[PDB]
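Trainee: For reference, the chains in residue letters:
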Amino acid sequence: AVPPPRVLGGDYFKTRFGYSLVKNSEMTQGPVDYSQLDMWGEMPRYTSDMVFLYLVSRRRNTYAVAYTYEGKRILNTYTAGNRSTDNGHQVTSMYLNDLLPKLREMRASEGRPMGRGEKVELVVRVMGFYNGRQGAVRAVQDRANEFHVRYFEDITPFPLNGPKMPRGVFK
Amino acid sequence: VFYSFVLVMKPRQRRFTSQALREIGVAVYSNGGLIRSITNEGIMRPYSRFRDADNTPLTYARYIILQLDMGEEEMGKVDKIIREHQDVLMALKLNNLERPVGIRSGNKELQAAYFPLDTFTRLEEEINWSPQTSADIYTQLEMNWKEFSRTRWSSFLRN
Amino acid sequence: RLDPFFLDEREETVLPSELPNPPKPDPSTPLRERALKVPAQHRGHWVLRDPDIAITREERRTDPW
Amino acid sequence: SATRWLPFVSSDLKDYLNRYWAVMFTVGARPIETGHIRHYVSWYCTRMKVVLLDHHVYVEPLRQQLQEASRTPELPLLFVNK
Amino acid sequence: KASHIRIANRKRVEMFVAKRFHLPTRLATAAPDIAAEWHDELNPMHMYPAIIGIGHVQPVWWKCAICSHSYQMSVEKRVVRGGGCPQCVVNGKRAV
Amino acid sequence: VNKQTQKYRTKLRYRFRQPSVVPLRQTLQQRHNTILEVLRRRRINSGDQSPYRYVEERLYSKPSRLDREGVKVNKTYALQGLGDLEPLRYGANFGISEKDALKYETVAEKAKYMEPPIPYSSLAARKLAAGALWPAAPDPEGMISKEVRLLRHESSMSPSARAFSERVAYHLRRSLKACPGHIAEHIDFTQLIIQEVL
Amino acid sequence: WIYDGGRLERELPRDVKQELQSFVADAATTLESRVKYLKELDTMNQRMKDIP
RNA sequence: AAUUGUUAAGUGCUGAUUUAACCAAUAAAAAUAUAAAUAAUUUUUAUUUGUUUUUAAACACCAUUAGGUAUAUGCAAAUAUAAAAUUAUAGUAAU
Ligand SMILES: [Zn+2]
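Chains as they are written, first to last, in the numbering used here: chain A, 426 to 596; chain B, 8 to 166; chain C, 5 to 69; chain D, 15 to 96; chain E, 9 to 104; chain F, 225 to 422; chain G, 3 to 54.
What you were told as hints is all true, and nothing was included just to trick you.
Computed footprint of chain A on chain F, listed as stretches where at least three residues anywhere in the stretch have a Cβ under 8 Å from a Cβ of chain A:
no., region
1, 387–396
2, 399–409
3, 413–422
30 Å max Cα-Cα, derived DSBU-like pairs, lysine-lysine:
no., chain 1, residue 1, chain 2, residue 2
4, F, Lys231, A, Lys589
5, B, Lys87, E, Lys9
6, B, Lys84, E, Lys19
7, C, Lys28, B, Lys17
8, F, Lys227, A, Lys596
9, A, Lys589, E, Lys27
10, A, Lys596, F, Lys401
11, B, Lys87, E, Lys19
12, F, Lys227, A, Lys589
13, C, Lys41, E, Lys19
14, F, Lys227, E, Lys9
15, E, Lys27, B, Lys84
16, A, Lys497, C, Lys28
17, E, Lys9, B, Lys100
18, F, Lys227, E, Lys27
19, F, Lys235, D, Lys63
20, F, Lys370, G, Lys19
21, B, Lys17, E, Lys71
22, E, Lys85, B, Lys84
23, C, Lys41, F, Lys227
If you only want the chain C side, here are some residues facing chain B, beta carbon under 7 Å, derived:
no., residue
24, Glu15
25, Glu16
26, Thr17
Because the hints were derived from the structure by calculation, they are not lab data. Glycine included, C-beta positions come from ideal geometry on N, C-alpha and C.
Could you build all of it, start to finish, from the sequences and the hints given here?
Mentor: See below:
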């Protein structure tokens, strides 16, 4: 409908956003041959410092796990029995409460401070199509100063074959 | 082409893959067969990680196209040699080379109206076309392209 | 001790929903009590194969995943 | 019955008009304007052929020929009795 | 129809005869000490103890473990009938 | 055929099925429009009934059309004075007469022995000039909503209804990605929540 | 398909509704209606008994 | 358009998506249409039940949380697809 406004230079384009187009690495290489295309070219571009939050909603349970870029489980999976809409909201809120100092400890061991001004880059993936899906992601929406969500997607199972289902489901 | 194989092989050292391909060629020639072609396609990263004999998922794999003319019992012998090889993770057998796909199960009137010498005499790259292959490339070979392509860079050298 | 192949895949396939480096739990850690041992083919996601999110028999009658 | 079932497809607009009584050429990105004509035609109990131009093999021939019959480039377009 | 499994991800066999015959009668599983003496150089690359059974009647190469000696013996003669190194048996009667 | 081909054949038979198109909701819509026109044009004494159902019973019931044909029913079950607002089923020049149909005790005998109906009449000409041969299309209820005040409890319905709704909920939450792909390319599944089935 | 959005409300259950209809409604009108219905059923049974 | 594939194919049992599935075997081939049975005595794709025990890891089911049971492949038995001949029923009350 209406086009977005015009950017005339990259120097203040770096100030308008949290990134820059012109790279400062100055990559000097001579690959005259054709470059190797990625297997999944049409995908979200996942940076190495991005946390994958997985929200699994069920009937009477809602689980929240956080993984790294390489598949390392950061914090253990929170259960309502161990620690509905309000059920998923309180589980996701108390998971994001403890996820911050563990993230600071795991990033300060390598050299990333993450002290002030930098928000945690997050990719949220949901399972279930239940009521706890409503309260969980809202518990991420009030954390906009702490967790910046870039890719909000879902991880929903495609039922390829299935081993078997119980008798009450069929009959 | 009578038979074609797409050998997916483990990226081992050069001597091991050379010995594997040499044993495959020796098993082809000893059974009274002919190698039409064998082409290496380098190491690529497939969408699925195949498991070897010791159940290790391999991220990388080497693809080799092998076009052969062998008798069918001897082709079964060579296929049993290839499928039981330790380095070959997967290999499909292209048996639809002489007759194109869609004739047998397609229209019944268009079943005996094809010519097997049209497909048998050409190579596998001329039956299954690559994305870089097209008809204008085939017409360039008969058009005396050497006297025409000498002037294609007369505009880019000054800019 | 036998059968590692029966609970695992023939070839490691990676779904588009888990990209890149899909989150896989360690096989040394056991699952939950009364949970279901589903093969690695008929699983919706590798996060569903977590021992805390391992679906049990009474959860199978109510929830699909 | 005497012939195996086969989906009809054509690169020309004239073969769609001569075959069906009511033909409609829609897009998948416009579900409201498609479903309103689905309500009107099914109310009068008229057989209708809906042709989704998304994932078709002759999109560029059909988008040109629909511009000649109807001067507006707006989809869906209803075609009854040629 | 019929279901199949692949022994060491290479050898397509039928599932019923695999649980009865093909799986427990392999060389690397049933006789691991004999399969440790398998010669890797002189044997063909498509032949290895993960797929070759116990009763393979054709002679294959064996690398001896006591002495450094390669020889040709049948797999059924080595496991079922009972076989050893020809240099070890000619040194056994030489010593005692 | 084997089990697999038989299952795929009955799946294709249930998937591509030609239904019986019986124009019932357009008949009821035309009757509703006719009753609204009668209630608008003529003043009707209710008599401890709703006026809609009273005009419906006086127009479309069996003693009303039999009084139109002439039976000597109890007291005037049909409307006497109607002009172009009279339904075309009970016109004088129409080809359906219930006095001729009372001697047949079966519907098959009525389909066998009766004459074909008269296609055109003067009232049919007036309804053609008015465009009242088919009712006007209402607002499309297919894709807007189902706006209702309350939701029924699980204790009010049958236990078989609760079990059936649980099975619908299970198979809907299981295979919601197993939809036709031309609709799945536009559904944003990140926001979709299926809370219950009634 | 019924859109809810958290705004639509559920109805009362069966037993609470039956207890409310037994507690709130007046006894005299329901009692005389049940007595008249019983006498109508007895008159219908007597008329069925009268016809031989 | 279907069946089978172990020594041939595809194969996580192609039917979740999908009216469309590689390859291999199988579409016709004595006289006679008036000729008074010109033909065969065979098979099972579907359902159960048997066949073996660290000898299905799993999934599902009955005793309640753990036992067994089977289930899929390999074989096998019984029944069944399909009208007609033969004998009898005339009226039910539901959505
Ligand atoms: Zn020795």
